[PDB]
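Here is what each chain is made of, one letter per residue.
There are 2 protein chains.
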Amino acid sequence: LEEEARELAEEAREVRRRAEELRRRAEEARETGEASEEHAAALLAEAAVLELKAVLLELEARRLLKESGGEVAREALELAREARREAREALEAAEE
Amino acid sequence: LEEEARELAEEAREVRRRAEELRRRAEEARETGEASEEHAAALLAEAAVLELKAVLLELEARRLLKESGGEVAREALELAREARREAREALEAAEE
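As given, the protein sequences belong to chains A and B, one line each in that order.
Counting from 1 along the first sequence, just add 1 to a position and that's the residue number in PDB author numbering.
Counting from 1 along the second sequence, just add 1 to a position and that's the residue number in PDB author numbering.
Isolated chain A (complex conformation):
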């Protein structure tokens, strides 16, 4: 089970960093004012999907914490939550 939590955590690290990248692209986009509707909607789309992946990873970590209850499942839950939060920020930054 600790190996399942390790794959959950590492997958969360991936979606966090990718949300971090998308958020930066969206923040630079609002400050630049580049109203490339294709680019604005593409970032919005990939940020929305990244969030749904983060929510799925989140609830899967909750399930892996119902069972067991170890620190490795606990850390995998925080990393999923952070990824969810970074994705919601990339979301709201893409709306503008």
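Think of the hints as simulated: they come from the structure by calculation, not from any bench.
Backbone N, C-alpha and C define an ideal beta-carbon position, used for all residues, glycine too.
Hints are not guaranteed to be accurate.
[As the list claims (entries may be wrong)] Across the chosen pairs, the derived CB separations fall in these ranges:
(1) A:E11 <-> B:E5: 25 to 35 Å
(2) B:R64 <-> A:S69: 34 to 44 Å
(3) B:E96 <-> A:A43: 19 to 29 Å
(4) B:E79 <-> A:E97: 19 to 29 Å
(5) B:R75 <-> A:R82: 18 to 28 Å
(6) A:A43 <-> B:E3: 19 to 29 Å
(7) B:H40 <-> A:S37: 16 to 26 Å
(8) A:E97 <-> B:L2: 18 to 28 Å
(9) A:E96 <-> B:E35: 42 to 52 Å
(10) B:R25 <-> A:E68: 19 to 29 Å
[Claimed, not checked] Sample of chain A residues facing chain B (criterion: CB under 10 Å; computed from the structure):
(11) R7
(12) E28
(13) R31
Please build the complex by placing chain B on the supplied structure of chain A, with the hints as guidance.
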């Protein structure tokens, strides 16, 4: 100055993720014995360097917080500490 903290933050996100990639490689290698002495010493060297980079970004964040106790500078210091900590885990894993 708030743009400087954004750059110090984004740089800390890169160092964090790279420490996450290095650490996973070292744990996977410590678990098995596949790591050659070249590779084991290579992961350690880039992790040690990555650690020093994370200490420099941390201290630069402590300076930025000293100059202005802004929330943007605060989160950048948190991200640098996180990168520092992830780098140190990559160090200890590469020792084995």
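Structure-based check of each hint:
Between A:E11 and B:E5, the C-beta spacing of about 32 Å keeps the proposed range 25 to 35 Å intact. A beta carbon spacing of about 43 Å between B:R64 and A:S69 agrees with the range 34 to 44 Å that was offered as a hint. Distance hint check: the CB atoms of B:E96 and A:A43 are about 43 Å apart, inconsistent with the given range 19 to 29 Å. Separated by about 25 Å at the C-beta atoms, B:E79 and A:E97 satisfy the suggested range of 19 to 29 Å.
At about 19 Å, the CB distance of B:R75 to A:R82 agrees with the hint of 18 to 28 Å. For A:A43 and B:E3, the Cβ-Cβ distance of about 28 Å falls inside the hinted range of 19 to 29 Å, so the restraint holds. The supplied range of 16 to 26 Å is broken by B:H40 and A:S37, whose beta-carbon atoms lie about 43 Å from each other. Distance hint check: the CB atoms of A:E97 and B:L2 are about 23 Å apart, consistent with the given range 18 to 28 Å.
Taken as a hint, the range 42 to 52 Å holds for the pair A:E96 and B:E35, whose Cβ atoms sit roughly 46 Å apart. Between B:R25 and A:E68, the C-beta spacing of about 24 Å keeps the proposed range 19 to 29 Å intact. Annotation: interface hint on A:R7 holds; nearest CB of chain B at approximately 9 Å, less than 10 Å. Proximity of A:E28 to chain B holds as hinted, the smallest CB-CB distance being about 8 Å (cut-off 10 Å).
This hint is violated: A:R31 has a C-beta 13 Å from the nearest C-beta of chain B, more than the 10 Å allowed.
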